[PDB]
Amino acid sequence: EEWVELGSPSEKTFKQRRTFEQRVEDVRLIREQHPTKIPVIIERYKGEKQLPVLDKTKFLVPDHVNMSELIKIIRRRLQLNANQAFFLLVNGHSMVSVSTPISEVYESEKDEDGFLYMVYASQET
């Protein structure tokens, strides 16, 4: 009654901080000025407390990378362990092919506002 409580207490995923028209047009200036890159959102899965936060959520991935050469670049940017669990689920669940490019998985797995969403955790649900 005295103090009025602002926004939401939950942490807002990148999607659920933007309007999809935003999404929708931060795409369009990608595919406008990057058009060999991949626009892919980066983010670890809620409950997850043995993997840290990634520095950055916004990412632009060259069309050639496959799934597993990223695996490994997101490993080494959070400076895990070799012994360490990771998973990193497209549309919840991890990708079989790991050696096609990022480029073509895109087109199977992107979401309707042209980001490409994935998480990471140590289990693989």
The other form holds:
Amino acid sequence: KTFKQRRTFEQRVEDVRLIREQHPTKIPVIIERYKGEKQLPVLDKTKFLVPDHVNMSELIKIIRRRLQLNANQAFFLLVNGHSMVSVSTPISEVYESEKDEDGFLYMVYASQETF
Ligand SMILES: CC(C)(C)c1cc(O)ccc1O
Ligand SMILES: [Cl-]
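Following the display of the form deposited without 2-tert-butylbenzene-1,4-diol (EYK), present the structure of the form deposited with 2-tert-butylbenzene-1,4-diol (EYK) bound.
Let's see the whole complex now, leading with the same chain.
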């Protein structure tokens, strides 16, 4: 079901090394629905190339636009398992501190704060 499940550490590592070569200005982000989630829909895809200059505030807006939400639907974004300390931080900086050993940046979303 989940991304880590579907691809070997070996495969995930090699895809990250390719995105480096072919999309050097992009952050490799895995974005996944919380396995509990009742309200929000699933995304068309799992793996996104996010421009390295957008802050987390713009990445939340992007994904809310991808899910086509409206003003009073709720959306929470976890990064590498925990809450974001700050939405104002650039995704280049967030990558360097929050990346996985495979080289992706893992994110999970829900309508509840209690995942
Ligand atoms: C081919 C390319 C490196 C651009 C790529 C894009 C993507 O969304 C997922 C995997 C990839 O290797
Ligand atoms: Cl690029």
